[PDB]
Amino acid sequence: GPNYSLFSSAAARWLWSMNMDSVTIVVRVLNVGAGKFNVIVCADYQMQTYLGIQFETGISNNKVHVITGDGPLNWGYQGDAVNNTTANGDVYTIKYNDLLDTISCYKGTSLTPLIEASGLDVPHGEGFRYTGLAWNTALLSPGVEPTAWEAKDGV
Amino acid sequence: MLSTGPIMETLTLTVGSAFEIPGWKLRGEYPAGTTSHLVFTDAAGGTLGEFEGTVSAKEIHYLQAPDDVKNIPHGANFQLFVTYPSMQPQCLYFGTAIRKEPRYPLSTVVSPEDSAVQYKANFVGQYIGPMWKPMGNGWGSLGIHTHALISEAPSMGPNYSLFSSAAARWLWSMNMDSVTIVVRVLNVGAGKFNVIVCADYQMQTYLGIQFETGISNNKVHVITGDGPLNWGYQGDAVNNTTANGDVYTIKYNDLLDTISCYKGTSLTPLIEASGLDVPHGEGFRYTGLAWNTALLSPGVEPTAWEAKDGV
Amino acid sequence: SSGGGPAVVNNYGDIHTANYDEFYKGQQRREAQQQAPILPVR
Amino acid sequence: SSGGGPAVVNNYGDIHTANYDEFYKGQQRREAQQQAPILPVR
Amino acid sequence: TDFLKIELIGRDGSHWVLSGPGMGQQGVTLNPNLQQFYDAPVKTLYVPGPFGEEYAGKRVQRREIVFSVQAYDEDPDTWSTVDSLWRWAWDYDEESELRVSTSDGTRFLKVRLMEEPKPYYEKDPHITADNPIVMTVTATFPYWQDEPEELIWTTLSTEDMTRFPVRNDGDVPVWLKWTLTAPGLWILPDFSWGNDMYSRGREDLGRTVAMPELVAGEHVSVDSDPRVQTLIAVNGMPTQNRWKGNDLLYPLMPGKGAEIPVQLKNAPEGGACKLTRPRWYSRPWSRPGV
Amino acid sequence: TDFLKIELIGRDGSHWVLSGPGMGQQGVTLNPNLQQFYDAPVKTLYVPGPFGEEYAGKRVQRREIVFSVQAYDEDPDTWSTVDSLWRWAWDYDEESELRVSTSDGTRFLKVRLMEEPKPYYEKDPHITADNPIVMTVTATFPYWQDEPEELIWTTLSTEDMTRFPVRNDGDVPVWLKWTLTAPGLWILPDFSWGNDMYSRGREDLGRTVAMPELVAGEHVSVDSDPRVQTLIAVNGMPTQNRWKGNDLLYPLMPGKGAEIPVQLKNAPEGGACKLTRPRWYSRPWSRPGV
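Chains as they are written, first to last, in the entry's author numbering: chain c, 157 to 311; chain d, 1 to 311; chain S, 1658 to 1699; chain U, 1658 to 1699; chain m, 2 to 291; chain r, 2 to 291.
Here chain c stands alone, though its shape is the one from the complex:
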């Protein structure tokens, strides 16, 4: 997560890039507080424009959103928000499918999409195959953060 000794919101990018447009991101997370954790797909080398799945944990905002990035730390929302509670050791699978131009998130073992979106306006192809993570918290304590991350090219 962020180093809360001197920071509150922090973004990270994977050093390498995916070789194909479709991608799968499997993340095992922890909910040790309140905050926002974004799994970032189809980003550029600066994470300026990207798709993402955001997990918000809070008193009234225990939800998941589909986000489109405007810079690494600033983003906007697309579509509604699906209610979701995240427990310690929860595994989420964020799949971007290029053929359907869709971004979906599944929870645990079920294959039904926990959240879905399609037709979002972001560039793709070469130079937009970077994945990453982002954390945004109002407080200076960890919120929802990943203990395990894995990426696979294609769906």
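It should be emphasised that the hints constitute simulated quantities derived from the structure, not laboratory data. Nothing false has been slipped in among the hints.
Calculated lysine-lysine pairs in the DSSO-like style (CA-CA distance at most 27 angstroms, straight line):
no., chain 1, residue 1, chain 2, residue 2
1, m, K124, r, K6
2, m, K124, r, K119
3, d, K308, c, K263
4, r, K59, m, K44
5, r, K59, m, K111
6, r, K44, r, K59
7, m, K119, r, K6
8, d, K25, d, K100
9, m, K119, r, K59
Model the placement of chains d, S, U, m and r on the given structure of chain c, informed by the hints.
What follows is chains d, S, U, m and r alone, placed relative to chain c:
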């Protein structure tokens, strides 16, 4: 050397540094209206860059942002043209751009270990093939059965001329702990068919999904390995009647430590198990199949088999 | 350097140091390998 | 003086002057001595 | 000089300019007196005859190049880095590229370490930080080569034919490579080009050989060079087992060229073929030969 | 120079500084022109081929270092003491260390007297009390070595498993050694690391070999080095007879490493596994490569 010609020169590029050609290097006499342009192309001739120089009374100066040149690879060939007014362009220098910078080979290259794999088998050729290694009963324990009586494709199973049980290990290993298996299977009699994942080299320990069919024993178990031909039931069984041409997806998710089986296109696991005491990691990514029948005839056998990294 | 000295003597082959004893013994060993299994036990 | 010239060529052994025909004839003579008394008279 | 540039692309992908424009930028320059670098070593054969000896043929030999480089830097630590990088740029098992660029283009030779390099002077190299490395590299393939000329012909018809323009502008005969899709029965040219090596120079002027009928998914590569097996399927099927001892026998002789015909039959989908013509030369630079 | 330091640790434990800081304090300095000291001598094999000769592999050769030292002192008696000590530092049967320290660390070479030393000038040595000794030493193991890395895993459980982190930072493959306690059944990794010398480079990526069941007191040393037998029981029992033809075949290839899995089963009193990974280099100094 009667005609004017270019001079073979070289260019230097650095990541994060502004590309710049000083004016005193491109000296000479240039009247007003003279224009200089630098063109970068690749091995096929496709233009990958073009820049305009700042021609002055006696010097030509080039200065571009690092983002303009970051796409120019080492070995890309450049061509610098000067153009006096009311004249055709005249090439002054040509050559190659070398990159004088720290070199990152690991960024560009992808190791075989860092590559998702996808394997497929159909047994339509009526031969086992070199990709399946027999296990448990040794060499020649596998076979292909046509099922020509019904409108069905050939399926792999034990060599029923010699054995009633057998195992097969897919020759190569996966690169991820999480793995997806898709099997289209046929139920032509009583027997047990195991789909085996997270197996070691000799298939001594593994996770697996067992499809058992019989007169009144049509169910699905989660099994752990005790050898290529022995297994231990984990959890409770789930009733499941297998029909000919049924497609089952066995997904092992590493981060969830969960092996699940879905029937057909169902979005809910037909069976599911978690937290099994089986080693995982490098050396524990082989996959395979196993068959065990009481009689010397095919039971549940896979017509089509497919495997892929990740879930 | 190499062309015109010991490195071309090596190309010449067995002009300098090379003995007859081990060559004859090796030829005899090869012939013995060829003919020993087919020689009768009598 | 001796080390590094013909006096060490002698240690090298049969690198310079040494003939093949005489060596082959000597080996044949040794084999003939070994095998002649045991060959039959027929 | 600006008329000649010599570069080395190491087995690790490093790029060095030993001679020419921009030489020594990476710290390593090329010392004079490099041998077996220009002409491909060839030994000729002779049989006894009434008038002395009669010509029996020629064989091209592998290149045994011996050359010295000079690794230099202002400070010994950076010199040590440069020397280590130069050593890393070489290997015995795998070959690094050695490119020569002139007005005739760029031709590359694949070279590997024939033996251990001989570095430094009599004293320790940190005194000078400017030391020579003598290197004995070898070229298993002794010909300088350029990027091969490739042509592609695709079709949708069940039966079709095409003409490929081919021309050897180099010094030495080159061996053609084919990539053929499946299914389909191909007939490929094996023209002698007047070559009398089998005493069939004009008997095989228009020789065409039929490949075995390829089954679905069995796309083949047919490389005529003797280093490699001729027919190799991409699905692992034993294609040459079905070829009854047939083979491609003739290289494209220097100075020869024509519109060689390729025939495709029994192709329900309609397949594609690709012809690769290598550009081999016996010299780093040479004017084109008609 | 301060960038390079050369020492000798004799068979009797004597410490000599031949070059670098503190050189000549023990009376012996190193003379220039030392051969076969830097690069490991490797010979390459070539076999006849269509275009000359084809590469057939490489064989490393034992090192033959011919170097001169100078034993000096102000008075002939103490000079004679120094010369005698230097001679006593060497032997034919037992090896002594030749250590090179640079900014890349310290790497040693086990060298022994190949032949008798050639000492002194043509006149009486006591005249000058400053005389050169010509040493022809040999390295049976031609690779410069660093101290091997040792890892210990002790478990009290009947069945357990561990991950040993292993990584080859050198330019040559290395062979691992295991020390396994008894009783118990061990499963050890024999990963190919992509090495394809048994035509199973991909099939044996995650290969594991199961050692025979060990009875009480049958502690084993399992060394992959070809120079030594793989399984050696400490008490002398033949334990390779219960091994059914299985063996450890693969070394740790350069630039490769992972967390190799070691499994212990059926251990009534737990078990201890020690992994020794050698650190071999072909040069006295070199920058890390990957």
